[PDB]
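S.K.: Chain by chain, the residues:
Number of protein chains: 2
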Amino acid sequence: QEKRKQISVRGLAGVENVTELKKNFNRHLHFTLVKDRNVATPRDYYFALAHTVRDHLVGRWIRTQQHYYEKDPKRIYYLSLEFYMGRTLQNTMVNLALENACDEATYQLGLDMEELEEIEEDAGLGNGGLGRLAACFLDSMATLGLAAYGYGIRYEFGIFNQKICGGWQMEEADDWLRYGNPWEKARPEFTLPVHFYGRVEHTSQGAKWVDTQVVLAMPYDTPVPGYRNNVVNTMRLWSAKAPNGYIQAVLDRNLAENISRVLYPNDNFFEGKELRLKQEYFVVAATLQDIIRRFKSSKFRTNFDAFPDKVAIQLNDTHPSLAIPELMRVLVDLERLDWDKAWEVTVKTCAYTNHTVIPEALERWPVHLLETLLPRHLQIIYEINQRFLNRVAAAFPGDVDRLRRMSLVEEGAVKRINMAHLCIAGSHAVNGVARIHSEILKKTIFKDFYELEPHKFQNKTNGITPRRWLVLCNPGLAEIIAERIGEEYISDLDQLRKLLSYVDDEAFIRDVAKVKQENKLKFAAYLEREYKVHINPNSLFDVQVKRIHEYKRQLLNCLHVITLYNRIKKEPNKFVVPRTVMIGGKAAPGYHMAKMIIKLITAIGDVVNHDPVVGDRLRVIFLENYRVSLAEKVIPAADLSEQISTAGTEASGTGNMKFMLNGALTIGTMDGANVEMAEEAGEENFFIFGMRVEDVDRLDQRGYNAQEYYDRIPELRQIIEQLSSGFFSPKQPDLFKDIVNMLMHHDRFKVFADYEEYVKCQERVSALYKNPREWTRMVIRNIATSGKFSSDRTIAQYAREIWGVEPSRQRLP
Amino acid sequence: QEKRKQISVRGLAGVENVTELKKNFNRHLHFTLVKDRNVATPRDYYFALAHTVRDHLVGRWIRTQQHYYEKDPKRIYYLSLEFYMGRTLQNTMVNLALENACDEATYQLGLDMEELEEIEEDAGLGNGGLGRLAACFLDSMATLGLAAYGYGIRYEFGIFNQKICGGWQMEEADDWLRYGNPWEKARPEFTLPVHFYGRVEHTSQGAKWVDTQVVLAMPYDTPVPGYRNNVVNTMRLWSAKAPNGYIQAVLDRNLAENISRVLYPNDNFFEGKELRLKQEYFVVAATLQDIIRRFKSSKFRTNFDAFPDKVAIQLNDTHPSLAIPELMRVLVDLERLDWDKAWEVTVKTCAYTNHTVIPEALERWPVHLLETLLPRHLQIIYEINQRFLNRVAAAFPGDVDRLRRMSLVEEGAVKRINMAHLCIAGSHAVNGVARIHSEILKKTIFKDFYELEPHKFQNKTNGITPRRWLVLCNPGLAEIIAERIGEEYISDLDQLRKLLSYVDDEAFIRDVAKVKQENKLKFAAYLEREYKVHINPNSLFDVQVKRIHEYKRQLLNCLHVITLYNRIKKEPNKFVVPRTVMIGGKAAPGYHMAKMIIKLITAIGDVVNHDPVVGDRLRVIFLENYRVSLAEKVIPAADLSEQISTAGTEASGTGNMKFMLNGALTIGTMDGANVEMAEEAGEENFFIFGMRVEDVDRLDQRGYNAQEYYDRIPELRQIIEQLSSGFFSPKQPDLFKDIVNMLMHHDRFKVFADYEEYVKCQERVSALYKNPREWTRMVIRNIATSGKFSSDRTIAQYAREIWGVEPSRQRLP
Ligand SMILES: O=C(Nc1ccc(Oc2ccc(C(=O)O)c(C(=O)O)c2)c(NC(=O)c2cccc([N+](=O)[O-])c2)c1)c1cccc([N+](=O)[O-])c1
Ligand SMILES: O=C(Nc1ccc(Oc2ccc(C(=O)O)c(C(=O)O)c2)c(NC(=O)c2cccc([N+](=O)[O-])c2)c1)c1cccc([N+](=O)[O-])c1
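Going down the list, the sequences are from chains A and A'. A prime marks a further copy of an entry chain. Just so we're aligned: the first sequence equals residues 7 to 250, 261 to 316, 323 to 835 in the authors' numbering. Just so we're aligned: the second sequence equals residues 7 to 250, 261 to 316, 323 to 835 in the authors' numbering.
Quick caveat, the hints were computed from the structure, so don't treat them as lab data. There may be inaccurate statements among the hints.
Derived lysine to any residue pairs resembling SDA-like cross-links, with alpha carbons at most 20 angstroms apart [to be verified]:
#1 332(A) x 314(A)
#2 191(A) x 44(A')
#3 191(A') x 184(A)
#4 29(A') x 38(A)
#5 289(A') x 314(A)
Heads up, incomplete: computed chain A residues facing chain A', CB under 10 angstroms, no partners named [said to hold, decoys possible]:
#6 41
#7 50
#8 67
#9 178
#10 186
#11 192
#12 206
#13 207
#14 274
#15 277
Ideal Cβ positions, reconstructed from N, Cα and C, are used throughout, including at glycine.
Whenever a hint applies, use it, and build me the whole structure from the sequences.
M.R.: Below, the structure written as structure tokens:
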């Protein structure tokens, strides 16, 4: 209690407030939960606390949205298929300053609030960084006083819960709404119809899309509290409902309603399923009618010219790019605007964000698919293309190949639509997510596009919110910082720079290292308690957490681990810094290699964690079911953060940033925002290793030959042989043959080309660790220069150079 | 307002109470509904009122159930697949005395409570009288202070909403939970597993039912407020949940969970679908584990002898008869009691109620069905049979045919299990639902059973609650009665007898006729408003409301109607009492004749309601979507109640009783409880017509010949010819050919044998109507002797002669 108390960044536990809090809790438990302390379960406790928290939101929520209604600002909609929201109770107490009062309140009712908090389900409505980006962004736009709205799908089931079984992943259904959701509010009043299939008739009005199937979109609003400023914004998620023999028709209502059933769990990967495209059409069509409906109920042919003055639609990826042809659909067919005015309007409303350079991430929908589901949209996409391509022709006369290259229509055996091309055509702005990425789009992927309309293209380096990702998750760190520099930094992270004044302050040095070791013990107790996993709290915590993928080179990490192990066994008496190597993250079901790689990790620990010579010198664990809430625990405890993807394949990354905020040192490549983080801190304060992008490209120019590295490196040859022969899986010697063959003959990610430098760099890291003070002073240097990686920074830029709106930090009443 | 005020049976609108009520409403609208009066919709108003009402229940609910816990009475469980609950808000205000306060409260917030009330969805969780019986019974057991629990299934969709289209029924999905349900409380804490399929292994423990599929049963408790006595009992309804490629497995969770999706809409009819048997297994298995679990957490080999001292399980029909072999399943396999002790226990816990003599109503499950779904239950049913049949043998030595007749095993092409036989074998008591019915079971259907174990067999004449079915629905009638005799009658309906003192009281005569005419104008405004149906308020309201069936002889009614019409056209100048003939009720989808008959009704009105000669003399309407809530409106407005089924086919009826309570005169046959209602009132005060049961039987002895009546009755011949030739459906002359052929060659219900007497009796009815005073004095006689048809009477009998518990009317604190 005393620590929780002590922490000033957590607010006042005022006498009347704690008296009221406790009162509202009893009352909720009696009326809402229909309970007494004899029969309440912990879960009732949770729900009793959650209702009391949420009651603090309502008045603000009601009034913020009344204010938008009254004032009619320009409105920002953030359209995404994913909001990686994680839990909400701590979060709302944070931004409402209620955390220490609620803490005192509950203690006094004989209840540990942390314990109640662990009852809450995450809203795991995303797959990895774009989804989580989306959630960080709602928070910053709230904190920036913007008239912003998140728009997505209320899935039944979010990302699958991961169970490791026998060292393999087992997917279970994430039934996060089993017990209901105190956070959401049903909005029946705003249910809309969405039309699927049917056909198009050209009449004297124009076109008319007839004989369609109808699914209803039912919205559920969720409050988005800003930091301590009396703003509460909404996320609105749509859920599919069937319109209003005999038994079999009712049972078959499930078919329409399966559109919001389940997040597709393919991160960084296009699988072209029709159910996925219905998901995408669903959210798009409902959001844009709701949008056009608000526009209609606000100011005032007057109207639609001004529509881009009144509306911004941000496309998170190409997942809601049907926004473009739908907007046009409405304007042209329904509103009867002329094609050219309607196109002017669209391009002024819409901007697109790219998250990936990987070609296997791009959405390219078979036209037959689109032609059946969405006959009218296809026609509009053809008209869009034609006229766009007439523009390329005019600018590059005779450049026929360029026509073929820029076309939204991919020729082939299967015709398909390039959803990225679509998006660049129909948006006034196209961004990447970090300085290098946005250069490569301009230099490569969208090079011809850039030449056309160079003013379209921008950079918006990612951030993370310093509420969830420092104040919530690392209240310790948060508190020793506020102690020196006060509390303003929490929504002005650039204030962190002030901590460079403390690099040679003995109490600061001491406190920082104290806080991390405090977090290491907590994490280590979590592992015992929840998973009976025993780890060394006096070791280097080396963490790689992120979805499992080949580009991400969990495999290069595993080679480092087996090197460490093999060196020990060679010189057993020789000293080494003790490590706990933690690898966590989910594989897409059906990503065979990624599932292979999880299995190899746990296989490495089966060996490594049982060698008596090794003892407590090295330990390998796979952290089960990595999610937002799990992030919030292991990130504040890590010493080293692994950011090891091949140069040029991680667009930005954001995990990098969370680990920076919270006092880990980074081993990485110059990739994504790792480059800007090295810039911030100075490269003298990072562990940058291996190829730059230019060295990958030179490798590709002449040919990656994995065997060249094999033949030259006896250490890498010892491990390959281990893997082949069955050292890591004796009961099935041939188990890792597809890992080996990929590494040997088909590695698109060049793992062996970065091997020798990664291991030498890891040498450097452990040398620094053997001097605590100097570790802690470089850490200081890292924390101190992470303020650029706040999402307030990122969002203020989107507002000023895309949405064409001014941010704010003036408190509402 | 002034009438609503005036009504003393509706309680006090105390100054502080109205101040608190209004306060809790605002507060609910703010916190629960997240609203202001600018944005609230009516539906929010509703939900704001409902939350405030329900808050008055909670403390009582908590404490009533604490009291059962503390005291550990013997417990009554009422197992039914159906609870025809209808709406709840008015009902709870009634039994809590809050109706006039809530009335004043809302008025003062500028809201009409009646209007809010019309927003509520019925819980249409039943098909007709057994389902509704079930709901009347929860109410009486509450009012009688019994430790009773309703146990059923929380369907997704209750009985289909009926739409009449072109004069046909159209079924729509009753999505009654769309907007959620303020009345229910989720009980995750008491989720149980139910096992389907699998197989049986006989080991050294005994039998063991292995490799099963698991569905979870999730309970939702609903409060059952007693009348003004501070008892709140629970109805617990179970909802199916799936246990805790990749996408297609999540989507396929619907398959397990489709067990609670939808009420099967077959009233008075066995269709032998496996999904239906899963429904039946579901509710049974979950309820009995919950039951055996309570028994285990209460008093104390000690235990299970006393289990029938501590448990009563009432079987509403044979729908939960799997209760028997399941109870045994548990006792034998799980608890390891010996077969003979376990059988003693079962028979002492279980009693069965029969609702039907019709053979097409009986559940007779193919064994292969049972053998697959429920291998172990089948084995136990075989063992049960064997030993039961060994008992028949011993009592009737050599009577081989009797063996075959009594067997739970039906031989044939398809083997099947007789669920009724099952039930008589495994229950200590078997009842019918009205004096005549229970004689016929003893004399016919269960004759051999009766000879075996004559002490098994009982009668429990049905009732209806005089809260829903007078105080709620006819507050007028309720108020003029209380004016004379005070308010005690409401839970002592036998007090009504006191009104015979008023048969020659001019003010009483006047007030009764006033109240009915008041209800006639209201109903008539409902029809205009909600359905734009214009009716004559100065006519005789002749109502037949009940599910559509051949036994029920909606068709004999239609013949009366076309007689009336044809007589007018014959003598147009001749005076007749003006009628509005209202026929309402649903057909089972797939019951072809019943759907034909709806169509004939509306076809009759197409003719009849457009003949200018007829004018406002006769009008025929089909009342759409008959349900509990609709009952509550048209019953208080009817003059004549039609109870015209063939003698011996309506087991009891309860609609008869509602119309009696509320001041309609009855035309009927001596069938079901019509006979006891004629007894109560004296036959001089009823319109009894046609065959007695003995005259049906004599008809069957020699042969029903429909053509005999045709040849003898020129009036019935004029109509048959109308129907054939296409008078009622000129655009399709042949439309009613299957009605005609059934009437001519296959009428199991002898419509023509009752024709001449029904029409003459209808002559009598209209003669009486032409003298208002004398109508009103016979009505007085009817209201005055309906107290026997209260369900308090019925339930006190079940308690004393079945459950072996004393009723009570002492108020809880
Ligand atoms: O304008 C007034 N009130 C209001 C007015 C408006 C809104 O919010 C609002 C309503 C409708 C629309 C729209 O047309 O799209 C928008 C918008 O333009 O974005 C915003 C209010 N707050 C809410 O309705 C609200 C906010 C948050 C959550 C919920 N919810 O879960 O339902 C509801 C309260 C007002 C003006 C004057 C007097 C009163 N009053 O006394 O009640 C009220
Ligand atoms: O026994 C005590 N309290 C209690 C004890 C028990 C019950 O109800 C109850 C609990 C469990 C069981 C059971 O084992 O099956 C039964 C039963 O035997 O039937 C009844 C109470 N009331 C409720 O739990 C209740 C009632 C109605 C609705 C809900 N609901 O929706 O969740 C809950 C309150 C008690 C005793 C002493 C002190 C306190 N206290 O101070 O809190 C409480």
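S.K.: Does each hint fit the structure? Answer for all of them.
M.R.: Hint-by-hint comparison with the structure:
1. Restraint check: the Cα-Cα separation between residue 332(A) and residue 314(A) comes to about 9 angstroms, which is no more than 20 angstroms; the hinted pair holds.
2. For the suggested pair residue 191(A) and residue 44(A'), the alpha carbons sit about 17 angstroms apart, so the restraint of at most 20 angstroms is met.
3. For the proposed pair residue 191(A') and residue 184(A), the alpha carbon gap of about 14 angstroms is at most 20 angstroms, so the pair holds.
4. Taken as a hint, the residue 29(A') and residue 38(A) pair is honoured in the structure, with Cα atoms around 17 angstroms apart against an allowance of 20 angstroms.
5. Note on residue 289(A') and residue 314(A): the hinted pairing is violated, with a Cα-Cα distance of about 55 angstroms set against a maximum of 20 angstroms.
6. Because the smallest distance between the Cβ of residue 41(A) and any Cβ of chain A' comes to about 8 angstroms, under 10 angstroms, the interface hint for this residue holds.
7. With a least beta-carbon distance of about 8 angstroms to chain A', the hint placing residue 50(A) at the interface is held under the 10 angstroms criterion.
8. Below 10 angstroms, beta-carbon pairs count as interface contacts, and residue 67(A) has one with chain A' at about 7 angstroms; its hint therefore holds.
9. A least Cβ separation of about 7 angstroms between residue 178(A) and chain A' falls short of the 10 angstroms threshold, and the interface hint therefore holds.
10. The restraint placing residue 186(A) at the interface with chain A' holds, with a minimum CB-CB distance near 7 angstroms, inside the 10 angstroms limit.
11. Taken as an interface hint, residue 192(A) checks out: its beta carbon lies about 7 angstroms from the nearest beta carbon of chain A', inside 10 angstroms.
12. Against a cut-off of 10 angstroms between C-beta atoms, the interface hint on residue 206(A) is violated, since the closest Cβ of chain A' lies about 29 angstroms away.
13. Proximity of residue 207(A) to chain A' is violated relative to the hint, the smallest CB-CB distance being about 27 angstroms (cut-off 10 angstroms).
14. Because the smallest distance between the Cβ of residue 274(A) and any Cβ of chain A' comes to about 6 angstroms, under 10 angstroms, the interface hint for this residue holds.
15. For residue 277(A), the interface hint holds, since its Cβ comes within 10 angstroms of a Cβ in chain A'; the closest pair sits about 6 angstroms apart.
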